Structures are given as C-alpha cells and as structure tokens.
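Starting off, we have a lone chain in the form deposited in one PDB entry, written out as structure tokens.
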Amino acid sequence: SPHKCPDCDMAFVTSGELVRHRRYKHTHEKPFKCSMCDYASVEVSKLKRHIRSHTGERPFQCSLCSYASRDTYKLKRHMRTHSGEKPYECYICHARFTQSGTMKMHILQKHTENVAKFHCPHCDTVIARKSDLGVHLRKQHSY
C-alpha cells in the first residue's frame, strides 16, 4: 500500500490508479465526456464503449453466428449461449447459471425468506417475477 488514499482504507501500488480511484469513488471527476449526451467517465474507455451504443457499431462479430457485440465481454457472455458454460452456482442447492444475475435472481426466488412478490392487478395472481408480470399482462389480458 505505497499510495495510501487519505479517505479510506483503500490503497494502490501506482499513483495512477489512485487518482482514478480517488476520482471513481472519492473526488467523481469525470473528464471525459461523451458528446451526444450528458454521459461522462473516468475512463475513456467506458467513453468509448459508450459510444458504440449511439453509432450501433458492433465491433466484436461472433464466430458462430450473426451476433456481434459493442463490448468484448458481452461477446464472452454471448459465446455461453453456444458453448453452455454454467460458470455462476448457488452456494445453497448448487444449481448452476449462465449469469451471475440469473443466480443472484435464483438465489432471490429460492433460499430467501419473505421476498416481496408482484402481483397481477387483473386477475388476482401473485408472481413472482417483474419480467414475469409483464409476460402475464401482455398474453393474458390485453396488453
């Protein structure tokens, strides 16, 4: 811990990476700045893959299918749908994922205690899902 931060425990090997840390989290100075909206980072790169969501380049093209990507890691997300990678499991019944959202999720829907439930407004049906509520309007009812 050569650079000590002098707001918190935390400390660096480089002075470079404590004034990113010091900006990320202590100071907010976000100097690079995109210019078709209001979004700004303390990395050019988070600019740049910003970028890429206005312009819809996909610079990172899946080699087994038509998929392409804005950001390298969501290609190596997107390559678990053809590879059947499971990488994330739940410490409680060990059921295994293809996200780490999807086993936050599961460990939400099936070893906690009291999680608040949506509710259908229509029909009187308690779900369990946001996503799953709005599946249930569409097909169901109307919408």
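Residue numbers count along the first chain shown, from 1. What changes on going to the form deposited in another entry:
Structural comment: of the residues 94, 113, 38, 84, the hinge joining the rigid parts that turn between these two forms is found at 113.
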Second form
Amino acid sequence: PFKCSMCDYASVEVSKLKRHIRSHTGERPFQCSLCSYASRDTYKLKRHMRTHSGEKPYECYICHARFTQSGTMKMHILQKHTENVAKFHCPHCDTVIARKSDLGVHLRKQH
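Beyond the form deposited in one PDB entry, can we have the form deposited in another entry?
Below you will find a single chain and nothing else.
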C-alpha cells in the first residue's frame, strides 16, 4: 500500500494519503463565509456551515429530536433511550461513569 515517512501511517488509497498530510502540514483548508473558520476536509467545512443554519438532518426515531451530527444523535439514543448499557469503572477510583468522554476529562483533573 502507501506509506507515510512522518508517523508511519499506511493507507491503500491516494486521497486518504493526502488527507493524512493535512494533519502534518497544518492548513490546507478553504475558508468559511461567516466566521473565517478553516477545516482541512471538505466534509468538515460542510458540517461547519451547518452551524449557521437550522439544518438538522439527523432525527431520533423515538423522540423525533434533531441533531447536526449523526454521532451526536447516536449518543442521545445510547444514553437516553437504552437502559441496560455497559457503564465504565475507573482504573484508579471506585466511581462509575457512562461515557468515555467523561472518562477522558475525569483522569485529566482527578489523576
């Protein structure tokens, strides 16, 4: 396949090789028409443009909610509409938390 002479990243595609170079060169973006924000991937600039519009194409099929991202919509389904969900214990504490996002910020200021 293809290789990266910087971080030893491999990918079978040429476009995904240039996408990895955006993370090393820094800026290869376009610009935003309303806040001058600049994102490398063309898709992320499209979801940034979704911030300034009431476009929420992701709907919760249960409570008919609306979200700007599928993953954000996915979390709402996971923590608010499912009961028997596997929570996570702390490797150095005796508390139990739901999300890894909470686990990441927990170890930041607790450990």
